[PDB]
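Q: The chain contents come next:
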Amino acid sequence: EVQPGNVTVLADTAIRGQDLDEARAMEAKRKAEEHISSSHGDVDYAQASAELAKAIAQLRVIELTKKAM
Amino acid sequence: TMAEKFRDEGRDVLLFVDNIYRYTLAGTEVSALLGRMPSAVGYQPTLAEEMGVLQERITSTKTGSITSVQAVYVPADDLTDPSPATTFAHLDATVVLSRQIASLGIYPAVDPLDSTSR
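Going line by line, the protein sequences match chains H and F. Everything in the first sequence is counted per the entry's author numbering, starting at 70 for the first residue and increasing by one. Everything in the second sequence is counted per the entry's author numbering, starting at 225 for the first residue and increasing by one.
Simulated from the structure, these hints should not be mistaken for laboratory data. A portion of the hints provided could be inaccurate.
As the list claims (entries may be wrong) - Short derived list, chain H residues pointing at chain F, Cβ under 10 Å: (1) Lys135; (2) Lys136; (3) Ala137; (4) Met138.
To be verified - Ranges of calculated distance between the beta carbons of each label pair, as one might list FRET restraints: (5) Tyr247/F to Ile131/H: 28 to 38 Å; (6) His109/H to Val265/F: 51 to 61 Å; (7) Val265/F to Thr134/H: 18 to 28 Å; (8) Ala124/H to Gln324/F: 17 to 27 Å; (9) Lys286/F to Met138/H: 46 to 56 Å.
Think of the CB as a built atom: it goes at the ideal place given N, C-alpha and C, for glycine as much as any other residue.
Turn these sequences into a full structure, and let the hints guide you.
A: Now the structure itself:
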């Protein structure tokens, strides 16, 4: 887009076209037809979550302190 | 003794005991003066026999039956105290009330994970 003073180029991050966007769309369908879930990449969360799950296990604290609940 | 007289006549009887824990506490009070060495938590050494020789005559028989309900106090809310602990073996239906439920206003405060029946 060119204007009186400004000019701006709206780039895009990957090659675009009916040839390639359709392959992307077909994969996006396949993964919903056959329930393919990828793992996220967050190793930090994956570690903290596991340490928390292990620490919180068989804790039985609420039987022990007579907290009504 | 009164219930056993009614039982032997051939009848069937209801016997309600308002707190059977006071029958053994009154034994703990007397025990040390009778010159008997203390046992686990200060209880008389004959706790299980004092309790059995009573709980054994309150039963139904071929000639007549006694149905009973007994209130059993639990000291300091501790269900593993010797006196409650030695009583569970003498009952067919045990209904265990709890403070952590009554203090929710939920009455009767019966604990269903601890009540049981033969």
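Q: Decide, hint by hint, whether the structure agrees.
A: Hint check results:
1. A least Cβ separation of about 5 Å between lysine 135/H and chain F falls short of the 10 Å threshold, and the interface hint therefore holds.
2. Evaluation of the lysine 136/H hint against chain F yields a held restraint, the C-beta minimum of about 8 Å falling below 10 Å.
3. For the restraint placing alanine 137/H at the interface with chain F, the shortest Cβ-Cβ distance is roughly 5 Å, inside the 10 Å limit, so the hint holds.
4. Satisfaction of the interface hint for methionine 138/H is found here, the shortest Cβ-Cβ separation to chain F being roughly 8 Å, below the 10 Å cut-off.
5. Distance hint for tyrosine 247/F and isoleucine 131/H: a CB-CB separation of about 35 Å, consistent with the stated range 28 to 38 Å.
6. The beta-carbon spacing between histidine 109/H and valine 265/F, approximately 56 Å, falls within the hinted interval of 51 to 61 Å.
7. For the hinted restraint 18 to 28 Å between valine 265/F and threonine 134/H, the CB-CB distance of approximately 23 Å keeps it satisfied.
8. Against the hinted window of 17 to 27 Å, the Cβ-Cβ separation of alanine 124/H and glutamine 324/F comes to about 25 Å, which satisfies the hint.
9. Taking 46 to 56 Å as the suggested C-beta distance range, the pair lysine 286/F and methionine 138/H conforms, at roughly 49 Å.
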